[PDB]
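Number of protein chains: 2
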Amino acid sequence: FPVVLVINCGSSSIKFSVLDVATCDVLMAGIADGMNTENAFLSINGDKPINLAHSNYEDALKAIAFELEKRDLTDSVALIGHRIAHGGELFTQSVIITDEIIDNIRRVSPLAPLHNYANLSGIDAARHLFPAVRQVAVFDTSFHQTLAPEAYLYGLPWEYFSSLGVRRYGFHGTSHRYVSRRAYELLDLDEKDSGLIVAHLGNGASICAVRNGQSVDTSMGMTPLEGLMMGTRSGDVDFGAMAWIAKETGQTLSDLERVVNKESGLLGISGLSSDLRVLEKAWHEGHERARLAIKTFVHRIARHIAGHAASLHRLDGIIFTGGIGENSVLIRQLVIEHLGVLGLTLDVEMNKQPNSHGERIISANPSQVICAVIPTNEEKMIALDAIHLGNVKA
Amino acid sequence: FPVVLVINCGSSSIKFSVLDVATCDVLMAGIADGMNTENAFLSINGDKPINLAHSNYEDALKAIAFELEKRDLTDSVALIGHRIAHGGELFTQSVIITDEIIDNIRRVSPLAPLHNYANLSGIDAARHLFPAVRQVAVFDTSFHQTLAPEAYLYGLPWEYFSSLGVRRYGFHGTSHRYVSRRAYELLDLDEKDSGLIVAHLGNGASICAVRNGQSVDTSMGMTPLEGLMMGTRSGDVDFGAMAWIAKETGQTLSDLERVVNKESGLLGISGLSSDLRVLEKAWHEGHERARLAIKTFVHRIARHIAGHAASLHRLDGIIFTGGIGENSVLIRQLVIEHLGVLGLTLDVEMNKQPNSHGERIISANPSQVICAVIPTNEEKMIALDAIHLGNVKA
Ligand SMILES: Nc1nc2c(ncn2[C@@H]2O[C@H](COP(=O)(O)O)[C@@H](O)[C@H]2O)c(=O)[nH]1
Ligand SMILES: Nc1nc2c(ncn2[C@@H]2O[C@H](COP(=O)(O)O)[C@@H](O)[C@H]2O)c(=O)[nH]1
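Respectively, the protein sequence lines represent chains A and A'. A prime marks a further copy of an entry chain. Residue numbers for the first sequence, in the authors' numbering: 4 to 397. Residue numbers for the second sequence, in the authors' numbering: 4 to 397.
Heads up, a few of these hints could be off.
Identical copies go unnamed one by one, so any copy, or any two together, can satisfy a pair.
DSS-like mimics (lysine-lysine), calculated; alpha carbons at most 27 Å apart, straight line [as the list claims (entries may be wrong)]: (1) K195 x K355; (2) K298 x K195; (3) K250 x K265; (4) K298 x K355; (5) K18 x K383; (6) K18 x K51.
No lab work stands behind these hints: they were computed from the structure.
Sequences are here, hints too, so could you generate the full structure?
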């Protein structure tokens, strides 16, 4: 009864999951949170908060690995999937990890210094602890390499693209990929004759146009800072204004990189929370700055959704996913309210239902376009890729 | 037989026109080009290139004023209109120039140091040379103050908006205003029940959503650097990428402000020209970089047009204007080609015709939305405002 191990090595954390090959069901989940710090803890299911003080990426994985042998799971780890943040232009699909892969990942790491270099430390540690186990590298950017130049190029001088590698890459590729695959079934569509818009909304957020199967436009840019206004992230911002602010407050480019990435967004406007559950309540309690933060949020999502639709020959569906998209009744309706121009009519009884109802249509009959919610499973997709790559003979 | 004098004091030039009150027709046009330099010339109609060596904003206007008395026009200058670049949040409409106005213009000048401070020098000089003549200040930003916060706020911290005044303002307001007014007549619409998209495309470029008469969304931001990719201007650009480039080439914020504003855009990609007539030919001659520069241009216009439509309850028309929009057959069709999602069908015989045909529908019957071209007249609108403000008793 074989399983697949899934690893995501963030900036300050290691998120892991164990899935069954037969069912693709989670049999264990956990997190090694607060990495590299004076005190680092491991938490499986949120039941054991085992401390490890000053421990790094390798030492954590060793602790996690023990907690699998402790539960007699070591001998069943058939495959190991690794979430990779930035694949650049070198990775179009999912691959079996080899020296060539590690080497190519090292090459593109310049594009995302924080995330990528942690992923490599997660690969190397897994390479170590699991020898005969075939490993797979899954890229958050690969789904997007189907974009045309006219859609990925920036309005900057060519030198930057050809020499320095400056271009739009877009993120949440695995989420946008999975969600769209599922969307073909639920909406009874033809992948080769389809036009979808996928709104991944949560911690970080992006839109993606999926034409006839492939990604043809996405909101996030070279970094995850472009597109929609997000939790702590500003979203689209006038560079002439950023350069102006630099001249006023005397702040540096590095200073503003922090403000834009960590102090801006939903938090930035509200001066309250980078979280909807709070802000949604704050509005109802009469807070205006929070009401604006959400109206502004909603507005920028509708602008991009409708804008991304221009990359499709015909619009068939609009899909919500991520923490916010799946769970938030209000933002869903507010975003449709805004996109009445496309002849969208929402079925409020269908939109009322929580995330327990899973995959669900939320639009009515008169509506020109079908709306739906599909819970993303970044983990399931990583597994499926590896299970497929398991049949491969290297 | 009264006339109106129109003045536009750019960074390095003074563009002027003389219009008849009865007909709103141009009776004289000219330019004082290459200002403040070692040699500064004046050119009426392009017939006399009178040099003035080292001459400033006041001395040029004196020379222009003589060339009106020389043609017996001084005694007929009933009104003087002044193009003002940046009105901030203080000016919602056109006004008669008074001390209070000059004072308020001084207050908002921080938002556009280059343009605004030249406009004031144009007002002061005209104040001088014409005493009893009533003067009018017309703002390139005023039409846009009808925007909701959710549409003008940036994803930055609130402090910047409330204290520092950071927000979207949008430009080409007079062009977007005039064009839309005309569009109601040509398309037989009801201003109070209308939804237009106006694409001003030329030197600099912007889109504007006009719902039930008023501006509800525009592409340009606080500065004229946001929105579409333009001639020398980059357009929308990932700030995470600009901060990344800063870390690579070691360039400063001021360095990049120049690259983005002057070295980027159509010129930036092509490495050839900041002008379409050339690039349109280059493509046909087999140049790829120019072909991309235009495909990229087209694409970013369609993204914003469709995106701005989300600010309308219903889409009735799409309007092209400016040097590029009025004159370019190809870009018009390429932009419609891209916006097939909205059910746009273009009548190519109608699109073939040059700018001599003036105001003209270019879409067919099957098309869900009417397309049209309307030649902007920033000057005529400035006059009309002043002629209206001429009836006012101060
Ligand atoms: N309205 C609402 N928002 C939620 C709920 N659960 C999570 N969220 C939002 O989803 C975000 C987390 O996104 P995630 O990391 O899961 O993609 C949080 O900012 C939070 O506000 C819920 O039950 N209701
Ligand atoms: N294709 C084409 N483009 C033109 C023509 N005249 C002007 N343009 C374009 O319009 C731009 C000038 O915009 P303007 O300053 O008039 O708003 C130039 O970049 C130029 O390429 C024309 O006859 N054909």
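Here is how each hint holds up against the structure:
1. When the C-alpha separation of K195 and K355 is checked against a cutoff of 27 Å, the pair qualifies neither within a copy, at 32 Å, nor between copies, at 34 Å.
2. Proximity of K298 to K195 under the C-alpha cut-off of 27 Å is restricted to the inter-copy arrangement: shortest distance 24 Å between copies versus 36 Å within a copy.
3. For the identical chains of this complex, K250 and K265 are neighbours both inside a copy (21 Å) and across copies (19 Å), given an alpha-carbon limit of 27 Å.
4. In this assembly of identical chains, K298 and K355 lie within 27 Å of each other by CA distance solely inside one copy; the values are 20 Å within and 42 Å between copies.
5. In this assembly of identical chains, the alpha carbons of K18 and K383 lie at most 27 Å apart only when taken from the same copy (14 Å versus 64 Å across copies).
6. Only within a single protomer do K18 and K51 lie at most 27 Å apart by alpha-carbon distance; the minimum there is 15 Å, versus 75 Å between protomers.
Comparing the model with each earlier hint shows a violation of hint 1 alone; every other hint is respected.
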